[PDB]
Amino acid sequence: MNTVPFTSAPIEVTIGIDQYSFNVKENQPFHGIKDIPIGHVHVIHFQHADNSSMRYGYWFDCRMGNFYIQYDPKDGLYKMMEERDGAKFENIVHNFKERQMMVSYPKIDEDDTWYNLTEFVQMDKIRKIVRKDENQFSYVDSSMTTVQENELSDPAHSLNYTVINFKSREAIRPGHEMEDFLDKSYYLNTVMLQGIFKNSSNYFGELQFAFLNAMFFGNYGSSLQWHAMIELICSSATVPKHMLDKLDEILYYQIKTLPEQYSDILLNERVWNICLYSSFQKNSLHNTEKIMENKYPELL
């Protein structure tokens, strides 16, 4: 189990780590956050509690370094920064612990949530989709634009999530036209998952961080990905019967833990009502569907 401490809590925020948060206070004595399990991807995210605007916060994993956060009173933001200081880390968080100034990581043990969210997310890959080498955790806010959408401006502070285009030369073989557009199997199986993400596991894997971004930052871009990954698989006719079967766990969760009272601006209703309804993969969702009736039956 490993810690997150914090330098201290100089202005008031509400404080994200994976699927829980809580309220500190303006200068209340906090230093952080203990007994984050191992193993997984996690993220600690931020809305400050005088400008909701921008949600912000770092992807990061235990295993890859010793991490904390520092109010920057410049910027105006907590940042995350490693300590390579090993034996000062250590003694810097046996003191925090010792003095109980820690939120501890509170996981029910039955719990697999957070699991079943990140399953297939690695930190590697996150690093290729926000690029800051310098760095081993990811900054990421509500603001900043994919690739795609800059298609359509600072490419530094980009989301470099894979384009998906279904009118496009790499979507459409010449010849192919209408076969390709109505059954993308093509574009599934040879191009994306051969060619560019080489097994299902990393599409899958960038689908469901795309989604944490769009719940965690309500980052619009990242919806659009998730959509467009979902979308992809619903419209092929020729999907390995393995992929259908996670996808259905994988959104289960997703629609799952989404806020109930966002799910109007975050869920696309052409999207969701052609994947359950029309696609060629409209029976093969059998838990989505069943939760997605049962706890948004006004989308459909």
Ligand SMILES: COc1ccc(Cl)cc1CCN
Contents of the next structure:
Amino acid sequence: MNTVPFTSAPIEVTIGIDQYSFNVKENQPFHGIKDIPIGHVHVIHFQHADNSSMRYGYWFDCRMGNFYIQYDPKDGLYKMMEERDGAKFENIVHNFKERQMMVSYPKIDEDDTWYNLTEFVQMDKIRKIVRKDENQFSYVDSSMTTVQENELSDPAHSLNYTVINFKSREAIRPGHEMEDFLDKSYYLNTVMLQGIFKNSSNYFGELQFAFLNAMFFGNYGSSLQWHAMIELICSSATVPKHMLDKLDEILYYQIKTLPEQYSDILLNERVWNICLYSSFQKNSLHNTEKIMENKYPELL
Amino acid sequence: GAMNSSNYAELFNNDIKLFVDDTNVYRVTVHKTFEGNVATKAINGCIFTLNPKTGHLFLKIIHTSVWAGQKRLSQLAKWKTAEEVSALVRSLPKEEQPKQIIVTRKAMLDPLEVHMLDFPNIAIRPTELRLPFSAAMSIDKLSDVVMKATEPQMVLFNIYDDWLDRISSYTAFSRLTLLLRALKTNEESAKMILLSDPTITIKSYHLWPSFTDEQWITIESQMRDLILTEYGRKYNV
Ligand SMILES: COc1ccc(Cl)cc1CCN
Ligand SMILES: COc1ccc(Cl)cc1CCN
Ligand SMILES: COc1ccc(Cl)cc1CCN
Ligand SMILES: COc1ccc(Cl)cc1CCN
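Return one more block: the form solved in complex with the ligand, after the form deposited without the ligand shown previously.
Below: every chain and molecule of the assembly, starting with the one above.
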């Protein structure tokens, strides 16, 4: 288990780490988060009390460095930093643990929620979507736009998700117009899976990262992308059987982790009522159809 | 966006545009089988593609052989329509290609958009107008060429005959839609109005009768009455 020390907490803020969050008061003696499970990416997220506008945070892998948080009072945000003195860091952490100034990552032993939400998410793939290669961690916030959003403005601050457009020459073979539009298997299997993502693991990684960005920050471009990646699968008549079963598990844990209060705004009616009830794969998502109907019977 | 009453003069400006009506593409007669079931038999149809400024009509005849062995024919008919309109555009010299295509039924939007991806500058638009182009098969000479086709075929007409020698495009389109609205509302009476006169004739190279200007006013008024009289008939007024 790894630790992310904080230099202090000078402004009142709700701090999250993955699905947990807690309120820190202004100048409360908070010096970070300990017992972070090794083996997964993590995200440490922030929402200032005095301006809930702008949620932001950092995707990181404790295996890739020693990372701390320092409040920046000029830029007004909690910044992630890498600490050179390897044992400066260990001595920094040991001092705060001894004074019990850290919160413990509160992982129940039965609980596979975080693994299930990040199964296919790897730091290496995150860093290609979020382009800032001088740090080992990636910043994301509520307002960052995606590349496709930018085509329909600053490119360095972009989320470089793979563009998916169902009425595009990439999506439609000359002379298979009706076939490819009504059955997106070509676009899924040949264009996206074989050509761009190389395999379904990378596809699911981006899908899961898109969901987590939209859920944790309110990133609209991310929600768009999540919806699109689900729709492209569900609207394909020909999907490998292992992908359908895995997609069902992926979505099951998402819709279920997704606090109910965010569902009214995050979930797109045309994207989902199609996937469950009209698409080629309407019968292939048993678990996912069982969680939405159980908790959302008003919908149908 | 959508074409409606508010932006109606745009039809007669100098930007090439086409209306596309797919109503008559897939035409069937529903009938009973020996076993007491129901089946369809298709008959020849047509795409009605019309330049409202010039009156040029690209009548693509849809021969029943295109449906042989196909399924979901109502759905296919929209994509076949879109394929043939796209082929027409590609066949035209660049300076003749439309800048806008207005579909008369909104279900044509996605099929035509997909078939026209190679033409990102051609706007595909719906319309909120109820246009009576379904009645094109009430024009005897169009109906004749469609039913006699033994193979796919495109036939070119000027649906305004020679009217643009005497009236504007706006007025010609108004005359056309009135005539077609009358034929759609009461085909029999509309044709009686157009043809009961043993002194009036259709030129060999025309679709409609050769009316003097004054006779057209009489005809147009008789068509208006027909549409109003039929309105009272169907709605009890
Ligand atoms: C005094 O320095 C520190 C105190 C606390 C924390 Cl988490 C980090 C540092 C590292 C400063 N590079
Ligand atoms: C408590 O964790 C959270 C906090 C805030 C927001 Cl925005 C979302 C989550 C997701 C937790 N499934
Ligand atoms: C449709 O509105 C949303 C959907 C998803 C997400 Cl994450 C955010 C918003 C609101 C922000 N534009
Ligand atoms: C609770 O809200 C929902 C639940 C399920 C689905 Cl599919 C969509 C929504 C939001 C509807 N605009």
